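Heads up, the thing below is written out as structure tokens.
In this view, the complex is presented without one of its protein chains, the others remaining in place.
In order of appearance the chains are A and B, and numbering begins at 1 in each one.
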Amino acid sequence: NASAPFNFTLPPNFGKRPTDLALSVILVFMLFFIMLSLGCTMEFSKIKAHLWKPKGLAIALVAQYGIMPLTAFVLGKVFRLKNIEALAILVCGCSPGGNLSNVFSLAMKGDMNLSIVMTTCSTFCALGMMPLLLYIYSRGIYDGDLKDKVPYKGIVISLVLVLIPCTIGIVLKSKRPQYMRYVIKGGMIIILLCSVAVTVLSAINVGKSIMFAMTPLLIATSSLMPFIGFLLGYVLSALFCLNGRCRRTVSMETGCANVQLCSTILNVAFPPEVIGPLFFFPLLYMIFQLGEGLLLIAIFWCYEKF
Amino acid sequence: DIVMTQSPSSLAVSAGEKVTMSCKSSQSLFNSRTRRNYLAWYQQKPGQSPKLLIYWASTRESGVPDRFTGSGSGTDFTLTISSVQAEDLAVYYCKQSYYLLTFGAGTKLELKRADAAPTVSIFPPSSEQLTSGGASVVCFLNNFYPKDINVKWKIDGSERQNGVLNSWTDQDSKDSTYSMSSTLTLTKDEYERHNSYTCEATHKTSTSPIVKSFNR
Partner (left out) sequence: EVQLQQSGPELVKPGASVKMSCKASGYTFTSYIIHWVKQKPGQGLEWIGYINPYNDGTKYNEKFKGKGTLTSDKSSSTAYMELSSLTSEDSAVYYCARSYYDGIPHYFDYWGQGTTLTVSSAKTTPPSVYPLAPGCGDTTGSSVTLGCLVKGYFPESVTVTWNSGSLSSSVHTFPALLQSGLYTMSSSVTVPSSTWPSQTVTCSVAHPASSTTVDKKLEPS
């Protein structure tokens, strides 16, 4: 069929819809409340002790950065994927641990301070040295340098939005821990309201429900990536002589990856008419692994009660 | 880097003789991840922009005649035309795009001729040319098909081969043969001290070179 661009197109209003800005600000507010309420149940002693012992941090970074990009490249080469799809899956693989994974860590309820220090150190390491590995692993694809194409202001903004609410929570609990219940209830109700609002808004904001036109093997590998990541993290944690409570959160952090930076780099690198359904690939992909995480949650409820 | 070298670089086919242009490139320009075999075969008619014929070295562009076929793998590729028409005479470069965009040397297509019987002609500078302060002696050969031909000047038994200009025609469509011209230019005050100005042309159609002498 030679080489032709996809018929999918984005309206010009997509650049500056007020609804897009509303969606961005409500997600920022949601994440701020998530992080505040999530750090409201954390203490400084455990995070200091885990910072003193970067053993789990070291193994987490080794699994996420020294192995995950390599296996992502291997799967991309094996699946005979196109240049755009291979670049997208490589960027997803080299992406650091997503914030939502910490939420899933709350479901794990094991060594939460280790989880937060691991994810912040992973984001710092990403900001420090992601472009070099991205350029090394993308030989023959996108011959451009791409070094300046990766976002930097977004990474530091995310780092601030992670550190500030957690630090505020630790300070408030250490000094004056007397208003836990009201803050928790308000956070929960506002979180539910914002979730309902975003669920209502995104359905009409996305549009063009042609996400099923994607080729089957790309969907298969997008589903396999979180599974293989979780399996590799669990195996590395178990074979390295780590206790069970301290390994589930590390495995879940390693398996989950952020997709916002991948979306931003995909949109800045390529026009939206050139990209077909892959523009909707990351937003669904994380959702997919969320469901996968839910399955793991069931497995947890198959072990804690039994 | 990758450089393309074409072995024949020149051939002539009348109506249906095989052509089979081949360029071996430098290394294996085959993508392992994507089974595409990056390569492009173009056509550039004289006085016209290049026209794409084959992409991926296996698939032809829509609208081109079916006579253009391209088959190859790894480093070995071949483009065949079979039934060559009068409009198929052009230059093919087999451009590659695996790593860097590099073009080949180019292969020229001509028309075969049975035999060539060139005719020589020599002319001294005009009378009014000398008054202008210069002089130029010219010699042109007509109706010779093969490209391999040499021309040289002997003056008083001495070979100089300096200050010579050569020009070739463009193989007009009237007949498969074409002509060639050669000129020698020199300023005033040294034209008449040697005279002679003998010309000699060597061509593959005759063992004995054709020599023409000039007097006065």
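Keep in mind that, in the parts below, contacts are C-beta pairs under 8 Å (C-beta built on N, C-alpha and C of every residue); 3 or more make two chains touch, one makes a residue touch a chain.
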### Task
Out of B:7, B:71 or B:97, point to the residue that touches the absent chain in the complete complex.
B:97
### Summary
Contact with the hidden chain, among A:142, A:234 or A:281, goes to A:142
### Query
Which is it among B:17, B:61 or B:110 that touches the chain not included here?
B:61
#### Entry: Residue among A:207, A:271 or A:291 touching the omitted chain
A:271
### Chain not shown: contacting residue from A:83, A:205 or A:260
A:83
### Query
If the hidden chain were put back, which of B:32, B:208 or B:215 would touch it?
B:215
### Query
List the subunit A residues touching the unshown chain?
2-5, 82-84, 86-87, 140-144, 149, 268-271, 273-274
### Query
In the complete complex, which positions of subunit B touch the hidden chain?
38, 40, 42, 44, 49-52, 55, 61, 91, 93, 95, 97-98, 100-106, 119, 121, 123-129, 132, 136, 138, 140, 142, 165, 167-170, 172, 178-181, 183, 214-216
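We take it that only the chains that are shown with their structure count from here on.
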#### Entry: Centroid spacing, where centroids are CA-atom means, of subunit A and subunit B in whole angstrom
62
### Message
Taking the touch rule as given, give the residues of subunit A at its contact with subunit B in the complex, in rising order.
### Response
2-3, 76-77, 80-83, 86, 140
### Message
With touch defined as at the start, can you tell me which subunit B residues reach subunit A in the complex?
### Response
31-35, 55, 59, 61-62, 99
